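*Asks:* What follows is each chain in one-letter form.
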Amino acid sequence: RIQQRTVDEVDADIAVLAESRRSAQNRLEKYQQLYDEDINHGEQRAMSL
Amino acid sequence: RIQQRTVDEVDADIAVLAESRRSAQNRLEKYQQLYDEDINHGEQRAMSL
Amino acid sequence: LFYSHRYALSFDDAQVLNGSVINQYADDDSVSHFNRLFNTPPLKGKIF
Amino acid sequence: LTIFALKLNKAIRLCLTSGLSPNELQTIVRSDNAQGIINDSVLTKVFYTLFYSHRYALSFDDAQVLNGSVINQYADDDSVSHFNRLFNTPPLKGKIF
Amino acid sequence: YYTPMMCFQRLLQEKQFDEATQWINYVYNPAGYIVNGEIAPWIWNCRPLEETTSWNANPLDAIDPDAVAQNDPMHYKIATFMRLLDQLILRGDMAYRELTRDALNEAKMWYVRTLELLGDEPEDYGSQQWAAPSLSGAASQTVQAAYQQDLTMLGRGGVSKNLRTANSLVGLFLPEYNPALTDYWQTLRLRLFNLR
Amino acid sequence: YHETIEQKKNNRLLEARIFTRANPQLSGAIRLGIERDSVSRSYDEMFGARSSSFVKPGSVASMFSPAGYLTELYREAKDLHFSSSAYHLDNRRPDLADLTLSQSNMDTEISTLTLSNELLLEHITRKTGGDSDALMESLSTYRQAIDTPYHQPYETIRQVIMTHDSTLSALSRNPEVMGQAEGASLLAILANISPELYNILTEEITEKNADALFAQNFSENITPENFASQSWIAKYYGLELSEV
Amino acid sequence: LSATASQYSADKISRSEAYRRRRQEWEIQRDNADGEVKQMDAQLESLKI
Amino acid sequence: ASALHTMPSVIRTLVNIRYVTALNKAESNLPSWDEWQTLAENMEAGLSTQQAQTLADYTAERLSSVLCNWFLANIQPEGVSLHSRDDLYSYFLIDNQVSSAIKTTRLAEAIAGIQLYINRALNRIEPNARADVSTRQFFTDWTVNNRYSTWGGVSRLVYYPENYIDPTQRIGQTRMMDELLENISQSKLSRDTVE
Amino acid sequence: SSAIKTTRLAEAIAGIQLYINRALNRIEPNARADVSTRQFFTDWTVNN
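Protein chains in written order, with the entry's author numbering: chain A, 2100 to 2148; chain B, 2100 to 2148; chain C, 490 to 537; chain D, 441 to 537; chain E, 1807 to 2002; chain F, 50 to 293; chain G, 2198 to 2246; chain H, 880 to 1074; chain I, 978 to 1025.
To be clear, the hints were calculated from the coordinates, so they are not data collected in a lab.
Here a beta-carbon is modelled for each residue, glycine too, at the ideal position from N, C-alpha and C.
Each hint should be verified, as a subset may be incorrect.
Unchecked claim - Looking from chain A toward chain H, a few residues come up when the C-beta cut is under 8 Å (computed): (1) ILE2138; (2) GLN2143; (3) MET2146.
Please put together the full structure from these sequences, using the hints given.
*Replies:* Right under this line is the structure:
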């Protein structure tokens, strides 16, 4: 029984790390979109005028 | 068998450290270049104008 | 080549092992095998 | 100035070749005799004090006392002497004698 | 010359490529030039470069590569070419970031472009044959004087005499290959070995 | 002087131009954009194939390599002092004149101590006229110096014995063999006393042989007049005044 | 009016350069995010074995 | 014998050396010079490689120090008041008390020596300087010729200006083109802007 | 290496592109310079 509980514990830790991964990749792709778009048309207009 | 698997575990861990090593090293190199470039010709021209 | 494979030896070690003599004149821009055996460093004077 | 030069040359050569301090040579030569001269006995004391210093890990004072000399009352005297290291840190209630 | 160079260099600095190549084609184009619906007979698109005219007399007065280059225009020639193959390399780096198969083929295409245009790298020749003088003999004032005199005679003159200079006066040094060219050669070779 | 300086500059320019033309590195489609001049042929026939001769960077034969830099350096430096005076390069380092300029000479890696030692040996043996072994034998009994005598085999023994086991503690675990080893040898192998160091440490000092021993213990140029000065003792033994 | 136009040009190029620096910062911090993402991806496989 | 990893004969002999040096004990068993050398040779025979290098290092340094001292106390070439270690360093144009851990090549050492000699000459720290030759062309640029790297850059300039040619900025510019340059310095240059 | 995978269409694209490029740069001798001036080749920058 005790070892059943321990394998349960490690499975829970797997889930914890998995949702950690989801959060990290969210931050990543948000940064990536924010970086690729670089400078939008508003600042282009500011500099041009 | 169990002890073979624990050796497998530590091998996975050292690989993880290696990947994090590569990440930090990339951060280091990019910061190093970003520091050495210092001030490019754009800002020098701003100052001159 | 067989002995370098099995016993995990460089070339020259196996070369000596096969029945050939210690090579006293390698590339000569670096230390020869003979001077690798008896000349790292010389004891107090030059070897003979 | 010749003879004093010879004496000082002897002692300085010894201490430089032997890692010995001027006060250490002062103490060992005085303990050997009040002459301040060197013979086989002085070098005997030197060797054994350094040997015991190496093995038992004690200072020069402990080794010098061990060799058969006395505990020195008058060390460098700009710091606490050996004797006062033994019986004067602090005095019990009054000054030592 | 200078302003097309300016616009091209700034465009390359801003990671911009295609209108940069369109721009640099004003002054040079390996594919030649089209005028009046026809292929041009000239090679470079800058007349002074074709004619190889100098507009400096005493360039060594100051320490300026500008002075030296202007005193002999063909340096300028290779310089622009240099910068040209430069963007070619920069194309590959962009084409290689996405690790996508079609972009992979595109990067290989760029690298074969610069490989073909670059030619064939030469190799070391003189070091094997060069004899080893002593320092004093190498610093012999007489050998240096003889060489300088030969050079002056060649310059103001060009006399054909002394068909052999008695190479036994081995006390001179040999020209060394441009390090930047070898840098790009090794770059292409490493990236190609990587790509295969 | 002007005409000379413009002559040198023009020669440099012409060499540079002719060298850039024949660079095989530039082929290259840009090869089709370069021509062969009459001056090119003239240099060709005057200097043979030297014009076609190039080197890989990092080789000795390059004019920008450290070898040619040193050649120019010595060329310039050779005359900074009159040959007669003691500061002449030929006088101070005669072996520097005949230094070959080879790939092995700039590639190989040896400690600075090695060269320094052999140069000092060359001067000393030039002076005395003997060899290395005679020098070491003289050193083993030399007295007139702060480091003499210098018993190299003895110090080597001391160093190796310290290497294996300091304090000879294992040796102490064998008291029977200590029936044959007294304290004297153990002092010799624990502290730095060569036999002649013992002789100088254990010789009586009296006036009857005073100056004689002085002569034995010092060079002729050293005298008690020299010895009187404190700064002199500090510089003689390389010690600090507070220490003396 | 020459001086005022020069001041304008100076501040506009300086502003563009500030934008470029911000871009570099975004890029490096996104790279570091990606490094963390893959590093913890490796941590996941270690944990599941 | 096994404690020292060596033969019993040589430990017998080492113990056999009554270090009393002509009485105060039995007698002087001091070995002769060659006997000393042979005893040392045999005794150090059973030593490894990295220990061999360490012994070579220690002996080389000790020999260097002894040699420097001996040359000070023995040979005094006229024209120099050499009176210390660094005096020999300057006059022989080579360091004499560095650690053996440093390594170099012949060319590097000669470079350093000649540089230091030139430098000593220029600052008039040397007496009887031939000041006539100190004014030569090469010494004028001694600021940029004191280093191999700087000399290489300035020499490689004239033959290979292309490595050091920078289209982006040059001297001799007209402020008119410079004004173009600052007008094409925006973050993104589309076609019409450069037009 | 065989680690690269592709299709007949992709390789054919690559080969024909390389042929066009070689022709244009006058690396290939005996180019039919008349046809090299076609409208498609003017826009070779955006058609490569």
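*Asks:* Confirm or reject each hint.
*Replies:* Structure-based check of each hint:
Interface restraint check: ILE2138(A) against chain H, minimum CB-CB distance 6 Å, threshold 8 Å, status holds. The beta carbon of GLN2143(A) comes within 7 Å of a beta carbon in chain H, closer than 8 Å, and the hint placing it at the interface holds. Checking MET2146(A) against chain H: minimum C-beta separation of about 6 Å stays under 8 Å; hint holds.
Every hint from the earlier list agrees with this structure, and none is contradicted.
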